[PDB]
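So you can see what is in the structure, the chains are spelled out below.
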Amino acid sequence: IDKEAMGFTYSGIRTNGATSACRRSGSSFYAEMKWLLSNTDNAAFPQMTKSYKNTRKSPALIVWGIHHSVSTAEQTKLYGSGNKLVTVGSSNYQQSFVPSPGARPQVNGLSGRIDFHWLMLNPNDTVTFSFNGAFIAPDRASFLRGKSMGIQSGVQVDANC
Amino acid sequence: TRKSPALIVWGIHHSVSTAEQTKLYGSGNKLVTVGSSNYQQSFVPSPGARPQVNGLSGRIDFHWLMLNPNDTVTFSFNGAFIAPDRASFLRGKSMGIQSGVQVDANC
Amino acid sequence: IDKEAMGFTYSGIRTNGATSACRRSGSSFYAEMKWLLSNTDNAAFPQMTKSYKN
Amino acid sequence: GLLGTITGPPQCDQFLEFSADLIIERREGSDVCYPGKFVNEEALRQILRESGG
Ligand SMILES: *[C@@H]1O[C@H](CO)[C@@H](O)[C@H](O)[C@H]1NC(C)=O
Ligand SMILES: *[C@@H]1O[C@H](CO)[C@@H](O)[C@H](O)[C@H]1NC(C)=O
Ligand SMILES: [Ca+2]
Ligand SMILES: [Ca+2]
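Protein chains in written order, with our numbering: chain A, 1 to 161; chain B, 1 to 107; chain C, 1 to 54; chain D, 1 to 53.
Derived from the structure by calculation, the hints contain no laboratory data.
Beta carbons: idealized from backbone N, C-alpha and C, even for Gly.
Possibly wrong hints are sitting among the right ones.
[To be verified] Some, not all, of what chain D presents toward chain B, calculated at C-beta under 10 Å:
{"#": "1", "residue": "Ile6"}
{"#": "2", "residue": "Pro10"}
{"#": "3", "residue": "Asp13"}
{"#": "4", "residue": "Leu16"}
{"#": "5", "residue": "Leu22"}
{"#": "6", "residue": "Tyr34"}
{"#": "7", "residue": "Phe38"}
{"#": "8", "residue": "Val39"}
{"#": "9", "residue": "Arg45"}
{"#": "10", "residue": "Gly52"}
{"#": "11", "residue": "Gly53"}
Given only the sequences and the hints, what does the whole structure look like? Please build it.
So this is what it looks like as structure tokens:
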């Protein structure tokens, strides 16, 4: 894959969400993603709308995420009191999203859960994100390279044979 | 009424602005709950900004269902609903093909 | 199939939900399900969380 | 488009009650007129293909 920046800009919110799960130099997050939060704790999350166009000549993999917190309190803590909606939209896509906060068995200590979706953005098309919280945002879009073959194994690699 | 299954088709209008959804069907949440003896589903509009295809950034998506004989399909809705005026029925046998050449009636 | 209890207990709501469709000793329900109704009519169903481990 | 014979966009006015032994889809076919798609669309395509109309 070849990654390409999507050109998104945010003001009035945070952009440096992190957790003990994704540990880099201390707490961090997904490299090609950006956790978005209300500017301060329990603050208000503004209604935002961001767009990206596939300017290249092959389809573009667009991956976003929804954060179903463990507690409705954590959801108001991060994104703010009030209902939260995410409407992804392209020419082939037309989907809303809503965080369903609820306890889940502790996986990496966090009972919240992130749902990763994806779509193929046709060349010259645009993907539109409209959101006001609980939205893990894409930073770079992925593009395919060439031909390969996917194998799963459990033995050494050997370049001699 | 007939003795062969019926093709019922409805549609949901996912608008561009939540204001457009209020302008048309009124504010508040909208819900369509198609029901039959075989089919229990439910549909909700998703108003949000989209690239404009043929102009209107709104989107009307269509769903379908096969209603058995003597059976009844029940729609329950309060907006953002594209309604079926006529049902569709199948006539018999045919061959579905996909081509890009002429049609020779003589061969 | 072998059935083993899941150890779920509730309060502040009802557990005796039944209907004329599942007929037994009168109106009943599913033997392995428990229809959770609010404690009384229109009483708020309290938010709950229950867990079972295999 | 084959699915347009059910809903009835303006391109499909001639085929709302069509009857055929051989149905020929073309690339230029469009199932729709106001932006939108069909849900489970190939399943229904495959049905109308052998529908005889
Ligand atoms: C996208 O559309 C514009 C306007 O029609 C056109 O100039 C451009 O070449 C298109 N892009 C591609 C990759 O065809
Ligand atoms: C339903 O079945 C009954 C069988 O007694 C029949 O008389 C009736 O015509 C049927 N109706 C439809 C709509 O198929
Ligand atoms: Ca580069
Ligand atoms: Ca036992």
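Numbers of the earlier hints that this structure fails to satisfy, in rising order: Going through the list in order, the structure violates hints 2 and 3 and respects the others.
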